[PDB]
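For reference, the chain that follows is the form deposited without its partner chain, supplied as structure tokens.
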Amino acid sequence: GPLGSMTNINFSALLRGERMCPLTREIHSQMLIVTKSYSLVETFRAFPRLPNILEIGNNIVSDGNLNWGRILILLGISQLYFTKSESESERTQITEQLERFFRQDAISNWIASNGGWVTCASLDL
């Protein structure tokens, strides 16, 4: 049979911020730029203690639009939750919640029709 699905971005490597392939490393850099530029640390305090990244991602497309900045905001929020986590169970759930968001057909199709993650990595922020 054909090759089964594989992740485009390694979200576990992204959020652990250690070993990363070049594309994931550049997305990480972009995520931190957006985190600082949009003061995400400050707004993050108003989010719930218990992460629900799928809900947050679906909130950010509630108006029916998507763009790479919104994706980087979602990642940056996910990173703040991941950093604040105190168990491997929570960290795994955050990563699984992220993967579930990006595997939704509309999100996946948007990424593929808007230049892929390489185009995200290449934005001049």
Given for the second form:
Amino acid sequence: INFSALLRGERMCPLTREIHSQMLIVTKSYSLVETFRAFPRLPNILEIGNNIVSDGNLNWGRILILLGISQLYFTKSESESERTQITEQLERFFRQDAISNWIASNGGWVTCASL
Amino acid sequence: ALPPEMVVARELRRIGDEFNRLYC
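Please could you give me the other form, the form solved in complex with its partner chain, since above is the form deposited without its partner chain?
All chains and molecules follow, beginning with the one already shown.
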């Protein structure tokens, strides 16, 4: 996935476009919006991702929710540096072997998109 | 006091699992 394409909704391939469509739905979650509104200062997305899996579990609902909060911060971002930081931290989270190996073993991004 | 990343993550795990159960 090109996370810059995803968060900008720009020059998306079909898979990224479908994940983008799912993201959008997710960004309407009341609990997600409330969580976002409670922390307007942009946090470290890589750390958030690693904290989510700190119980030893991962699933596609968690992944979609992490992308969703990332999109919310990206939409409200106040500088290009903030957008670069979001994109790079998402890229770094999903490029960790522990996460990339889970995705590859659980249907790949195509399985996320086929939901 | 607590890192925001820890507070946010706790909530997102809970929401993510509920989304996983209902829709995934």
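What we label the rigid core is the largest C-alpha set whose atoms superpose within 1.5 Å from one form to the other. Positions refer to the first chain, counted from 1.
The only C-alpha among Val34, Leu74, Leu80, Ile94 that moves by 2 Å or more between these two forms, given a superposition on the rigid core, is that of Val34. Superposed on the rigid core, the forms differ at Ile60: its CA is offset by 1.0 Å between these two forms.
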